[PDB]
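Engineer: Okay, here's what each chain looks like letter by letter:
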Amino acid sequence: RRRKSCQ
Amino acid sequence: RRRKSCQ
Amino acid sequence: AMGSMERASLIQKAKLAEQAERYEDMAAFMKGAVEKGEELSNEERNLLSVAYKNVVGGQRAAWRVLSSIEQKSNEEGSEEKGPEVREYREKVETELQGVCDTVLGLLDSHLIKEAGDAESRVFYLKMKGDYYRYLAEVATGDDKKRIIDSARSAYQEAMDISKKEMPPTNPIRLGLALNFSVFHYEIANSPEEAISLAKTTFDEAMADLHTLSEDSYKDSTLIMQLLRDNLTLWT
Amino acid sequence: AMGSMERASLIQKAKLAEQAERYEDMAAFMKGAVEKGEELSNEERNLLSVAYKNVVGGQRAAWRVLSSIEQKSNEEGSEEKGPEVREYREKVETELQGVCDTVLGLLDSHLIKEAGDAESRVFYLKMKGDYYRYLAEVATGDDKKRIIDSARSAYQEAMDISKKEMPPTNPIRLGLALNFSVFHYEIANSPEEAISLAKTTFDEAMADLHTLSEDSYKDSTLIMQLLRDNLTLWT
Ligand SMILES: CN(CCS)C(=O)c1ccccc1
Ligand SMILES: CN(CCS)C(=O)c1ccccc1
Ligand SMILES: [Cl-]
Ligand SMILES: [Cl-]
Ligand SMILES: [Mg+2]
Ligand SMILES: [Mg+2]
Ligand SMILES: [Mg+2]
Ligand SMILES: [Mg+2]
Ligand SMILES: [Mg+2]
Ligand SMILES: [Mg+2]
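So the protein sequences, as listed, match chains B, B', A and A'. A prime marks a further copy of an entry chain.
Letter by letter, the first sequence follows residues 175 to 181 of the deposited numbering.
Letter by letter, the second sequence follows residues 175 to 181 of the deposited numbering.
Letter by letter, the third sequence follows residues -3 to 231 of the deposited numbering.
Letter by letter, the fourth sequence follows residues -3 to 231 of the deposited numbering.
Since the hints were derived computationally from the structure, they do not count as laboratory data.
Hints should not be assumed to be uniformly reliable.
Stated by the list, open to error - Restraint-style ranges between C-beta atoms, simulated for each label pair: (1) A:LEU205 - B':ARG176: 25 to 35 Å; (2) A':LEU218 - A:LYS109: 53 to 63 Å; (3) A':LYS87 - A:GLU83: 28 to 38 Å; (4) A':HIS106 - A:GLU76: 27 to 37 Å; (5) A:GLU76 - A':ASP211: 30 to 40 Å.
Stated by the list, open to error - Within a straight-line C-alpha distance of at most 25 Å, the following computed PhoX-like cross-link-like pairs (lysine-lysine) qualify: (6) B:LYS178 - A:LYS32; (7) A:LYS11 - A':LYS68; (8) A':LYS87 - A:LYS32; (9) A':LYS141 - B':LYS178; (10) A:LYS77 - A':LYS32; (11) A:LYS77 - A':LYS27.
Unchecked claim - Reference excerpt, derived from the structure (chain A' facing chain B', CB under 7 Å, subset only): (12) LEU100; (13) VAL178; (14) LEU222; (15) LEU229.
All residues carry an ideal CB built from backbone N, CA and C; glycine is no exception.
Generate the whole structure from the sequences, applying the supplied hints.
Structural biologist: Pasting the structure below:
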């Protein structure tokens, strides 16, 4: 699980 | 469904 | 290289490149469009962001793969395989830095200085923070603290504007907060600040959802869920 | 551009590029390795093929997206949107043709002429047929029949060698038959030949599976399933 950034 | 070629 | 192509044709081809998943072409077309010297519309800003985020995202993923191999290569008991892993990681790193420098150059010449409305200014300052953040991810030398501070400063200016001029559910404001929170967690070694920012952003957006149409509600709640995903990962 | 890098380092970096999903880099490294002038091992031939198949595969997918948009643009009742769709399709097409010409050039200078064992010769002649097939997919002019015939001729020489020198379960033989059958179906307007070839290839491989180890059985049956998939689609 990789943290989310704004894609 | 796309036909298969050698990948 | 795009100087001879009409601005409208560059935008049209950027959209075609997106449909074809040709993101390097998309970015080149949008760079050309920026260099025409006119301000970008909301749609055009989004095209610029999508193009470069996809290009650099591929580079970042490749850099992480190579960095992990290099790390394992330098553990105790590993066999000397020569300079090749380091060389190739450095090649990818230099290409990544070049893309970040290109984006930062477009922002500095002259997108930010002409951006007066909150929606454009916050968008571009967020982008500036993001590309300094990507530079910080690979930085190791004399200027690393300065790169981190450049990211921080751009994000902070964007935050200050967004809090004054945008509602707490505005998608740009939300995405900025998401990314600044990641900056705190991953770059600045400030997990508590990252968590606090994500939580307050989420809670303030939740309280403003009642003001929104169905379509705006969908847009805002999508980004709120990204904040929640990080809070669940981090706590 | 790779002339100053050691052959072994190029091969090592091609493998790193594969792990990082950097297929353009992978192809450039393998081109450099071929241009050292030595024959390729089985593993190295596979790296060359993987690299260029991934590069051209992306180009072909993009070309098909753009070609479909261009087609819709030229239907009755559609609005004139200018030359941009055609121009961009042509740009992608020219880049695709360039990659095919590069691969064909490596095969002609001098991989095929030095390939004496069936495993290498059939592999390279299959590749020659494949890259002429990709050229045929986008061809429309005076030389289109000649491009199709070049693909046919390379595939036919590979088939003739493979039937004499390889067992019917050999994965190279099977993949060649799969691709020649696709050539017949899609390029040569010969669906019956395509079906007959796929069926006889499948049946002759099935009868030889009893000779194989568990690992070879897995390799051969994987490609047999691709033949079956096409037979199910086509009948
Ligand atoms: C949905 N989405 C991306 C995820 S945050 C946005 O609306 C956005 C916000 C800021 C900058 C670019 C895109
Ligand atoms: C599994 N597989 C790819 C699918 S046919 C092969 O073994 C192969 C055969 C010929 C050329 C390249 C690869
Ligand atoms: Cl390198
Ligand atoms: Cl173009
Ligand atoms: Mg470096
Ligand atoms: Mg302005
Ligand atoms: Mg406002
Ligand atoms: Mg053409
Ligand atoms: Mg030889
Ligand atoms: Mg034999």
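Engineer: Run every hint past the structure and note whether it holds.
Structural biologist: To see whether the hints hold, each was checked on the structure:
1. A:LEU205 - B':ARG176: 25 to 35 Å: violated, 42 Å
2. A':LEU218 - A:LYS109: 53 to 63 Å: Given a distance of about 58 Å, which is inside 53 to 63 Å, the answer is holds.
3. A':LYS87 - A:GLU83: 28 to 38 Å: With Cβ atoms ~32 Å apart, the hint holds.
4. A':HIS106 - A:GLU76: 27 to 37 Å: With Cβ atoms ~34 Å apart, the hint holds.
5. A:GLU76 - A':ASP211: 30 to 40 Å: Hint holds: Cβ distance 32 Å, inside 30 to 40 Å.
6. B:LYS178 - A:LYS32: violated, 34 Å
7. A:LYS11 - A':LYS68: holds, 16 Å
8. A':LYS87 - A:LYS32: Cα-Cα ~22 Å, so holds.
9. A':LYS141 - B':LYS178: Holds, at about 24 Å.
10. A:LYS77 - A':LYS32: Roughly 21 Å between the alpha carbons, so the hint for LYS77 (chain A) and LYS32 (chain A') holds.
11. A:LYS77 - A':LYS27: holds, 22 Å
12. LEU100: Hint on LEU100 (chain A'): violated, closest Cβ of chain B' at ~18 Å, above 7 Å.
13. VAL178: holds, 5 Å
14. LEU222: Hint on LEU222 (chain A'): holds, closest Cβ of chain B' at ~4 Å, below 7 Å.
15. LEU229: Given a least distance of 6 Å, the restraint on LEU229 (chain A') holds.
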